[PDB]
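Trainee: Turn these sequences into a full structure, and let the hints guide you.
The residues making up each chain are set out below.
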Amino acid sequence: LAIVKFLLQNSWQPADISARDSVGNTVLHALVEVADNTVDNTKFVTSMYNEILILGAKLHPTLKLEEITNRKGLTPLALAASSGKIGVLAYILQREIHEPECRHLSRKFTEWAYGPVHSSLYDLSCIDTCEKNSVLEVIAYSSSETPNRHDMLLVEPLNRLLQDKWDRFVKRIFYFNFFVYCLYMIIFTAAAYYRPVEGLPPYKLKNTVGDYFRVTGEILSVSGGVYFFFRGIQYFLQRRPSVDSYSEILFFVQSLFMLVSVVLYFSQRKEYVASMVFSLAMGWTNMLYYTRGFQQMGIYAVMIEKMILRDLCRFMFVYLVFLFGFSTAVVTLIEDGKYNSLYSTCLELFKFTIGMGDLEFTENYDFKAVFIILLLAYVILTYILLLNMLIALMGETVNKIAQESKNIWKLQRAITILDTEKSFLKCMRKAXXXXXXXXXXX
Amino acid sequence: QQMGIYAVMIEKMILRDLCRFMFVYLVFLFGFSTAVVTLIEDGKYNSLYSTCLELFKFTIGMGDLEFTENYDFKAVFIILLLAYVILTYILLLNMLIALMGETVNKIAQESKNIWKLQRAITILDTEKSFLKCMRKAXXXXXXXXXXX
Numbered sequence: 261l262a263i264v265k266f267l268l269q270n271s272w273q274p275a276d277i278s279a280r281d282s283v284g285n286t287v288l289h290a291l292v293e294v295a296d297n298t299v300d301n302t303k304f305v306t307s308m309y310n311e312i313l314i315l316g317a318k319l320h321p322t323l324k325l326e327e328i329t330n331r332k333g334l335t336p337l338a339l340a341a342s343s344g345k346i347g348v349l350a351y352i353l354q355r356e357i358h359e360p361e362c363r364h365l366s367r368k369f370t371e372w373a374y375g376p377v378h379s380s381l382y383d384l385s386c387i388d389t390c391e392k393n394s395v396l397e398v399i400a401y402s403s404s405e406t407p408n409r410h411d412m413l414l415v416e417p418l419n420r421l422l423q424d425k426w427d428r429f430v431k432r433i434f435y436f437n438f439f440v441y442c443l444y445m446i447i448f449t450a451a452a453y454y455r456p457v458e459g460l461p462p463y464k465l466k467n468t469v470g471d472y473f474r475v476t477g478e479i480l481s482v483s484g485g486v487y488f489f490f491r492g493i494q495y496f497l498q499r500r501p502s508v509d510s511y512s513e514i515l516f517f518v519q520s521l522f523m524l525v526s527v528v529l530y531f532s533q534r535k536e537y538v539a540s541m542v543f544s545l546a547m548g549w550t551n552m553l554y555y556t557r558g559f560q561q562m563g564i565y566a567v568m569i570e571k572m573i574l575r576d577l578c579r580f581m582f583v584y585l586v587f588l589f590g591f592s593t594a595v596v597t598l599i600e601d602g603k627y628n629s630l631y632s633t634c635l636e637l638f639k640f641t642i643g644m645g646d647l648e649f650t651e652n653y654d655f656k657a658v659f660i661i662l663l664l665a666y667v668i669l670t671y672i673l674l675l676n677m678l679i680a681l682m683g684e685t686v687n688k689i690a691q692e693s694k695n696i697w698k699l700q701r702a703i704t705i706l707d708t709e710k711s712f713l714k715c716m717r718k719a752x753x754x755x756x757x758x759x760x761x762x
Numbered sequence: 560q561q562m563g564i565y566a567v568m569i570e571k572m573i574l575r576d577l578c579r580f581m582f583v584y585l586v587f588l589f590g591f592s593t594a595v596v597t598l599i600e601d602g603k627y628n629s630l631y632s633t634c635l636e637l638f639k640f641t642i643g644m645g646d647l648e649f650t651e652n653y654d655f656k657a658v659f660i661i662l663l664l665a666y667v668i669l670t671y672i673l674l675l676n677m678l679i680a681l682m683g684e685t686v687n688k689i690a691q692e693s694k695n696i697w698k699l700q701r702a703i704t705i706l707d708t709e710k711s712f713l714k715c716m717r718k719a752x753x754x755x756x757x758x759x760x761x762x
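So the protein lines, in turn, are chains C and A. The first sequence maps to residues 261 to 502, 508 to 603, 627 to 719, 752 to 762 in the entry's author numbering. The second sequence maps to residues 560 to 603, 627 to 719, 752 to 762 in the entry's author numbering.
In case anyone wonders, no lab produced these hints; they're calculated from the structure. Here a beta-carbon is modelled for each residue, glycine too, at the ideal position from N, C-alpha and C. Treat the hints with caution; some may be incorrect.
For the chain A half of the interface with chain C, some residues (derived, Cβ under 8 angstroms), not all of them [unchecked claim]:
#: 1; residue: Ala566
#: 2; residue: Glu570
#: 3; residue: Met677
#: 4; residue: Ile679
#: 5; residue: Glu684
When the alpha-carbon atoms are kept at most 27 angstroms apart in a straight line, the in silico DSSO-like pairs for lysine-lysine are as follows [stated by the list, open to error]:
#: 6; chain 1: A; residue 1: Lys603; chain 2: C; residue 2: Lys688
#: 7; chain 1: A; residue 1: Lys656; chain 2: C; residue 2: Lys639
#: 8; chain 1: A; residue 1: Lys603; chain 2: C; residue 2: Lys694
#: 9; chain 1: C; residue 1: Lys698; chain 2: A; residue 2: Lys571
#: 10; chain 1: A; residue 1: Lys688; chain 2: C; residue 2: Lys535
#: 11; chain 1: C; residue 1: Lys425; chain 2: C; residue 2: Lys639
#: 12; chain 1: C; residue 1: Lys571; chain 2: A; residue 2: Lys571
Mentor: Put into structure tokens, the structure is as follows:
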């Protein structure tokens, strides 16, 4: 500090308090860069930051220091948030200083208090910074290819601000989106459910009522399909080039699958359904995304997705190896009867895992019981040896993450809300924060 | 107080579980079952209801795998199954155990007093609901801790 002071205050050459380094960073930017999220780190950066501002306002009052952008277009705050420097982010947004010349510097003020009671007011730059970035918006995206980034959004101003929108306008908006989506699903299934059997379909359609109703559905479903593809492409354009967004990746997959089906049908190839069936299944499951976040439903939604990302690579592969090895061992074993085919035998081996295992299904073959011991091991060995260790890791986390995660849903609502307003046409919307408070402390 | 703990937990889970979970399972089963009905032209596995029921058995432990011969596109239906069978009972199951395990870090311990409330309500009502018949209506506790 003393040397910071002597640099800025000396008779010989006072430091230019707003100079930018090669990267565009000022002392406030550099301080943000030097934070490492440890408690004593925050503490020292936080008040040295404070000190710089106090000196800015004392010595050169006209200078709006916290507005100065580094090369990449980032204010100190926005850098903090881009690099998951959370303690400091919280410090910069939270701080209010009362001094002569104090008001220009301070982030927030407390308007009034009652013997009990307290009120806090927040500026708030992050919410209103539409033009380049919003503390939320950097936070809002949020790819969070890091554990730490999720933590930041929390309580101080951003977390409450997000909660506040949802009651006023946004949740009402979300339900209509969900309801609108739901009808799209009933229609896609309905046409698919009621599609005509006759071969070389249709070819051509529209006789009687039923024909008219089904045809509208088929057109409506494809049209429904285009919307995702168009929406999808825009997201690809925005976050290019980068799983940060599994739901985002999916919806696009489902829409595309529908498109392939449409491309095929006009072609009139018979299989095309192999495309429509996939498109229908992908859609209903994607219904899972929509609920978020109940906060009861939401927790359930997050966990399944996390496990699926984790589980298949570690586990789907290992199970495949155990099943693959044993199934191959069996095919060799049997001369004839269609259980020779790797595919039939492997499928027969799968049933043991489902709960439908047939044990010694096949009479055909040689060497008697060895095949059964071969089975007992695989049946004993893979579903069962494999299963115990698979439960255990979850149990060990279930020592922990479940508790860490719930905030994880919180991020999802924020991203959905942030996008709709941005993705809502940036239509007229709010753009003062304060929290009613009452703790004594008195 | 042994039976009681068991009684409270099931009721709590049932209130919690069906809305979070019965609905999600229904969605996974509903989606895949619909995908299957589309797949099959004829044979009574076309009906949403028969096909969905066939899909349920996988969850029970009675799953038939490729039950139906009827249809088109071969193996895709099986992959369609493997996913659902792999995907829902199993992907769904792991996360469902885990939340309970996380609580089972905790609530079981908090709860037992929860039964306590139930006995109190039963007792309070019978006397009130017992005709407010003549009944007691001094408390002191024998004590001995030193503290000396």
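Trainee: The structure should be examined with respect to each hint, and the outcome stated for every one.
Mentor: Here's how the hints hold up against the structure:
This hint is violated: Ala566 (chain A) has a C-beta 23 angstroms from the nearest C-beta of chain C, more than the 8 angstroms allowed. Nearest Cβ of chain C to the Cβ of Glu570 (chain A): about 17 angstroms, over the 8 angstroms cut. The hint is violated. Residue-level restraint check for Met677 (chain A) holds (minimum Cβ-Cβ distance to chain C is 4 angstroms; threshold 8 angstroms). The criterion of a C-beta within 8 angstroms of any C-beta in chain C is met by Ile679 (chain A), whose closest approach is roughly 7 angstroms, and the hint holds.
Below 8 angstroms, beta-carbon pairs count as interface contacts, and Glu684 (chain A) has one with chain C at about 4 angstroms; its hint therefore holds. Only pairs whose Cα atoms come within 27 angstroms are accepted, and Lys603 (chain A) paired with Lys688 (chain C) is rejected, the gap being roughly 48 angstroms. The suggested pairing of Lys656 (chain A) with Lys639 (chain C) holds, with an alpha-carbon distance near 19 angstroms, which does not exceed 27 angstroms. Our distance criterion of 27 angstroms between C-alpha atoms is broken by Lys603 (chain A) and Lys694 (chain C), whose separation comes to about 44 angstroms.
Proposed proximity of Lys698 (chain C) and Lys571 (chain A) is supported: the alpha carbons are some 25 angstroms apart, at most 27 angstroms. At roughly 56 angstroms between alpha-carbon atoms, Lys688 (chain A) and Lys535 (chain C) are farther apart than 27 angstroms, so this suggested pair is violated. Simply put, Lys425 (chain C) and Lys639 (chain C) have alpha-carbon atoms about 50 angstroms apart, too far for the 27 angstroms limit, and the pair is violated. Among the hinted pairs, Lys571 (chain C) with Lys571 (chain A) is consistent with the structure: their alpha-carbon atoms are about 26 angstroms apart, no more than 27 angstroms.
In summary, the numbered hints that this structure violates are 1, 2, 6, 8, 10, 11.
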